[PDB]
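Listed next as structure tokens is one chain, alone, in the form solved without the ligand.
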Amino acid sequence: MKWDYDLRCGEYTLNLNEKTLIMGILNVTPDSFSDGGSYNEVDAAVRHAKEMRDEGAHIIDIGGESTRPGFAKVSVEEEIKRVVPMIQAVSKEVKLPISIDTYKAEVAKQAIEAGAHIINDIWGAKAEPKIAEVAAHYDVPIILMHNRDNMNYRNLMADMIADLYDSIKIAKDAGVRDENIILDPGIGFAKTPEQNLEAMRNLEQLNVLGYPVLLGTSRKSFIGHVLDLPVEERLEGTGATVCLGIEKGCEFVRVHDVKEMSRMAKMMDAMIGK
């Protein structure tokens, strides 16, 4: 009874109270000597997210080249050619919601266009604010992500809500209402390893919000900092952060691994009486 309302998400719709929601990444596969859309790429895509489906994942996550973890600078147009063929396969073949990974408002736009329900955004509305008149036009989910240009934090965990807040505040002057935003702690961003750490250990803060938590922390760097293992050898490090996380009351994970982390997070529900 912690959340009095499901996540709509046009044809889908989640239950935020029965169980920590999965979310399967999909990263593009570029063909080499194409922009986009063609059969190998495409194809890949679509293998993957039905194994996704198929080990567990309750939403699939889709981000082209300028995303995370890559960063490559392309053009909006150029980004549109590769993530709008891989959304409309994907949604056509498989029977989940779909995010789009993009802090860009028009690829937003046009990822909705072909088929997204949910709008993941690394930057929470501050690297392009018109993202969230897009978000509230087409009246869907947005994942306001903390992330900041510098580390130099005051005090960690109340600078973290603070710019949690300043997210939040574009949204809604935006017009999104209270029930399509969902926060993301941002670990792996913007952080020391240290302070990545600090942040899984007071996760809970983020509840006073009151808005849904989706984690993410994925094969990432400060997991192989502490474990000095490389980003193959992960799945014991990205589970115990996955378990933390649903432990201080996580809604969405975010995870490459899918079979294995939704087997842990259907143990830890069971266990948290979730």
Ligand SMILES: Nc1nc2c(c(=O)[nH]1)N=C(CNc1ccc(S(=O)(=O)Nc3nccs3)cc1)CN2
Given for the second form:
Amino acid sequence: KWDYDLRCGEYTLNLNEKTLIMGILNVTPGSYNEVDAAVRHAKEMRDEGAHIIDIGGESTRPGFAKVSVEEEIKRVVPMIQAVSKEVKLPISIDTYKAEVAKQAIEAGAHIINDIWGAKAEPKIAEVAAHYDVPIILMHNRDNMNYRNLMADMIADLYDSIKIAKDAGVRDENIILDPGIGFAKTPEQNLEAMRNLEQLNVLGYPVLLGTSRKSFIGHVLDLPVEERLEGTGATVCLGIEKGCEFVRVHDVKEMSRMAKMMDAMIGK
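Next up, the form deposited with the ligand bound, please; the one we just looked at was the form solved without the ligand.
Partners and other molecules have been left off, which leaves just the chain.
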């Protein structure tokens, strides 16, 4: 179906063979204890079937505390250098800032993961263009007053493509994400899942990030630690509705579900 592979640097990721698992790595206090914990977690997630490792923090997570520019660098960079050498998998850096994104690739990160899809700092997309690296553009907005959810999401996403393409970003580096849990009531979150196949008309791979999110909590009436089964249902629907990547905490469980989905749907 996809006439190209996802080329990054040392590793080639094939989009037709299977659903790609992206394992989540949270980094919230460069001491030994934090960098070692992060490495051990990545090894674990590698051993359980992760294809990409995702490295972010306290900005970009509810709270959304606007922590400092130089601060993000000294936290995330040692993390990348260590994971890159010990763990033979591509890495994405979860940031909405060009400045940070910049260091991250130079320290060895491969994919950019922007929860603001270049609207925070359009300069990020120039960084993307220049090192020639896949960039994930997530739907997000600073309000959530939709005329029409899906139509507005596709419009918003397209506003992101436009920023990337104009920067020089080649199509084959774009990847989109419906931004589950961002600027969306819990009902809107469900609608987006129900209509996920609409993002496919845009012609770019899609990544889904629903792991343990609160709309799962809203439905099941369950706290974060009991959300594994409900995360599973969201990963299955997503694969069936055409997603290429899933971002998850529970690499082991999700990896089995994805591999059974792939076999059933014919991937």
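Residue numbers count along the first chain shown, from 1. Rigid core here is just the name for the largest C-alpha set that superposes within 1.5 Å across the two forms.
When both forms sit on the same rigid core, the CA shifts between the two forms reach 2 angstroms or more only at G70 out of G224, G70, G56, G249.
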